[PDB]
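Presented below, as structure tokens, is a lone chain in the form deposited without this ligand.
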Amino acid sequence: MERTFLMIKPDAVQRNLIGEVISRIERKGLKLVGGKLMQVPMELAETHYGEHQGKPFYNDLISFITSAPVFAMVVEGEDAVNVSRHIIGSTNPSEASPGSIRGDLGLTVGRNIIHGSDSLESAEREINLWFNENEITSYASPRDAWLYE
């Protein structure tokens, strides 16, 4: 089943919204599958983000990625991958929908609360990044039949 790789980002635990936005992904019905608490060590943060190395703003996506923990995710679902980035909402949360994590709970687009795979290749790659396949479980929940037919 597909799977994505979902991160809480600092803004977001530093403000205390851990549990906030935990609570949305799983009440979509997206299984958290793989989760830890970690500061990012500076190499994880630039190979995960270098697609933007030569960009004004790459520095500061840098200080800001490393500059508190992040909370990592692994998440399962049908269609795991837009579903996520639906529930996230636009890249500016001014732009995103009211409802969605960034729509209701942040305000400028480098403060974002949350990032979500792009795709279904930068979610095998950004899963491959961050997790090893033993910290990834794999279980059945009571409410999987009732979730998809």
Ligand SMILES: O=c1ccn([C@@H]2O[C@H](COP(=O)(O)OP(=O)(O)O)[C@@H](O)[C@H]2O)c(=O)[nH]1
Second form
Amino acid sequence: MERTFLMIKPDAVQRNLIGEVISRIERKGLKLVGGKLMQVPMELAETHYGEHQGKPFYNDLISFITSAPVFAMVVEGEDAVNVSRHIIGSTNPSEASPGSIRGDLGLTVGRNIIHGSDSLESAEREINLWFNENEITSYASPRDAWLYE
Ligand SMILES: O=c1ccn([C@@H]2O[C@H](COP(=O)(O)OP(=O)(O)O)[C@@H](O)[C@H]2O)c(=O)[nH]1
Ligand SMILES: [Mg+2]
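Okay, that is the form deposited without this ligand; can I get the form solved in complex with this ligand now?
Now the complete complex, all chains and molecules, led by this one.
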């Protein structure tokens, strides 16, 4: 089943919103399958945000993502990548739909609560970067039969 990489950013961690954010992910039907609180090493931050390497918001992104712990997640469900993006909302929390995580909780683009892989491609890449296979569990859940056909 489709998987995506989600990460609760240091802003959410320092605002004490880890439970609130997990709740919104869980209640949507997405299954938490990998989850860990971690300090982000430099090596991992730079390679994770490799694609932004030249841009104005770069140096800041790196020191921000390394400034306090994150909660890194692997999440499973039909159409998980796009479903997660939908409940996360637009990059800019001012454009993000009310009721989305960023729409309800965040204020500025640089401090937008949570990251979600933007594609199947980057999901696979991000998952492998942050997690080893043995940290990722598989398990059937009682509600699985009521989420899908
Ligand atoms: O103008 C911008 C665009 C992005 N970002 C930061 O860089 C991250 C990656 O941006 P992107 O639009 O590629 O992905 P998204 O955050 O929407 O998943 C964002 O989460 C922002 O925190 C920023 O600070 N300023
Ligand atoms: Mg986005």
